[PDB]
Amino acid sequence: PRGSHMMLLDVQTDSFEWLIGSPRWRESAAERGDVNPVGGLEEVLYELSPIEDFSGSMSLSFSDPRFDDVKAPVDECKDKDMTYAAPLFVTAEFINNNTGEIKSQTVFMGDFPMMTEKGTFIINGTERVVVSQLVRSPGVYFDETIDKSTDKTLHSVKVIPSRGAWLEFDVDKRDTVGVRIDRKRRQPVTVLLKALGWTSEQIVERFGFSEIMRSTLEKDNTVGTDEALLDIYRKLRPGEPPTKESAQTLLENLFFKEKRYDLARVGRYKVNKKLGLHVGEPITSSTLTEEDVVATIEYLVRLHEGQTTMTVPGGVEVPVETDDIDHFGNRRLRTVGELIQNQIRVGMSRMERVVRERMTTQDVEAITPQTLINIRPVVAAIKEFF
């Protein structure tokens, strides 16, 4: 329950105009100034494009989202218990990287519920008002709890971007240090370290001061960078055929590429500040770095052993403490358009999984965008939202 107590109608309706990339939004973005304006649905399509198989001999890209006219007037949608919506169409482009052949099509991506003049939606005849929400603002947040069972003191940390996957570390009751990538299952943190190119020697050179890091390294079953990369792939894409190259591409696109990851200026500043990085640098790139990952793990571990300061290589000394003040200032306001955009992403990612798996079972000459694209996860996500 994180809804606003009060909303400005115009701010929310403007955010829906943005989400659908409407003309009025373009001219409002043109006056207020200025260029590089990207629609909400535009962004989502741009983010996941291109979708590739593990080979990767196939790619599929999305672009140019637009709408047809509404299927029925509002009053007709009310007196017939229908949803006020407009058909969504995108430009999908399939590429066979072996031949270089390109197959472009227009694809229907489902009926998209449109905001009325009242700033409302009409779902199944019922008029609804979507409320803006207060969510955790970008940053890196450390905390402390007590285990329900053994009553040991536990520490965890969340790297929360403005946009993209979550990265979570924790010390558990079995004295291990773990990593959760994109809310997936828990792995020993040494796995992620190796996937980034760290040898066991470098790991003990850096984290040898901690015994739980030395024990985690022992009870860690991966041997080498390649094996760690594949363990991550299996945790994130179960049932799908792993390769060293696609897992490597996967990890890069999760945190280190601007396309699907963004801390934004506020997140990048707060991460630098908290960990003592970029001591004299301005904010340019808003992706995570290898330094951020290593620093965060070190911070968590020193926090667990009861240390109060720390200094990363080339950084300044910072206090090591929980961010227990995870209230007031550490929250931001997500408009209606942004909320819908987020649910679109979720549906899109499930659609993206089906594309990859259909790329491995379909005949490459019969493969078109239409054969690859199942829009059900997208219409189910919107359905779930309302």
Contents of the next structure:
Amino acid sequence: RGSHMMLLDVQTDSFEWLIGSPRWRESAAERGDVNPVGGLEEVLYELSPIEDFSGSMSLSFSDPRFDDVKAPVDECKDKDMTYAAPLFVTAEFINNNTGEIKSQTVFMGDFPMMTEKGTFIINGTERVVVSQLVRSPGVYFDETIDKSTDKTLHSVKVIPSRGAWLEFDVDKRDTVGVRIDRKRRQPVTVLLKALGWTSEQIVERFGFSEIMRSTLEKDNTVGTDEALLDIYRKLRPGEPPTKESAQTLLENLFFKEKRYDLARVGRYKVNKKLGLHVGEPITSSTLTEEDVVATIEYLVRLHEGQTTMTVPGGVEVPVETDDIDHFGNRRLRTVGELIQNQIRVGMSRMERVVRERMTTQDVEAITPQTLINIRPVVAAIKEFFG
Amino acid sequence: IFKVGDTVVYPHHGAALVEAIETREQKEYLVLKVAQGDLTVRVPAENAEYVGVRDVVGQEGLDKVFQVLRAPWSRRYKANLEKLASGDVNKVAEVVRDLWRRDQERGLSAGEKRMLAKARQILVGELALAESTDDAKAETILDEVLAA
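The structure above corresponds to the form deposited without the partner chain; please provide the structure of the form deposited with the partner chain bound.
Okay, now the whole complex, with that chain kicking things off.
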């Protein structure tokens, strides 16, 4: 849902943050912000490094910056042009075998710039981007009725401030599934195994549950390594899954600050809902293995109509659905954030082309320029402002 | 053996300018600039041969080397010790020149004859590559440069 009223300065400030401008940077310094990071800068950090198969080579990105706008606002209006500045990044390829470090400045596309008015000029026409209201970070459980089995179904979403989604559900076949980063549904035990759980510990913890026993048996995965590869096959279909890269991908998905952030309030709400770390200061806002396991147990106990639970070392909490019409469960997404998310999608596709080119290119010939295709980044921006 | 301002061929990239020699757990790094694609390449000096990068003395350098070979004590020993160390063909040249001229007259110490014989080894190895010949006619060029 788009906003019905916007605060202008919130939006213009969000854009300055996105492009990491001098005035955003100085304002951060004045507030005494700890480690100020711009929007584009954060995206580049999120994907660095891109490693090949064997962890020999890597490509990293840094220092997003702009040349001057191609043309004045009036001229863009009078000649029907797009008011924009060329975006550049520094890209660095490293061969771990030889210790070669090969770096160059890479053009990433012309980037539409916001005006004094908080507008963009796109092919001559002045336009306003509208912010959006989205669900705030937290863990949300829901109950529905199937059409048509007459069965009562349950599901849960873990929503961060920044990063991939994590969803669990009990379907009409009475199996527990996981959807990682909105991908295809997998038996939930595949995720447990991927995190290092043996069949024995899964049964110790979840053996009370009929649907969990049934899920484990019908789970066609044998061992942690197989589980890791299957998640890789789901997240990166068509690419050669390896152990080490599957570990890194899953680790970075949820459990490290690089690509995932519940933020302090989301971290608080997850603790509260699940009954974890009750008298403790919030330090990190990443997800933990403990969170994942307690979320599954919550969903499963909810399904069997239980009303309380206590995780190992935690405190008792009520087991119930979240009304999820409540305010506080809605959150503002600024224009800078919307553009930031769009860039991220473009880069992720660029990121995939890099991995694919790493499989075939001669390592001794590789530079950032031979690996980097900016078309999906350019296309993502074009789509956004159309 | 890599000097700032020299140009070297970097396979797959082309002509690279030696722009600097850094120190970067801590070893010696070549900073190379390929104008083609404005590419910066940093590579550990010891690894340069593996990657197919060689600094071969160009015509500018051959002149200088021959110019210095023709140009007109614990202190002197340690200076020359230091020149052989630097792997700079111009320094080696100075060592060869000074020791050889002394060997024609007063004669050298056993230690110095060893220093001279080694400096020549280094120098003809470098000359051989520079005149694209192979270690037989290089020394001959050296002697004639020396005799004259």
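By rigid core we mean the largest C-alpha set that fits within 1.5 Å across both forms. Numbering follows the first chain given and starts at 1.
### Task
Can you spot, among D81, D182, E101, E227, the one with a CA shift of 2 Å or more between the two forms after core superposition?
Once the cores are aligned, the residue moving by 2 Å or more is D81.
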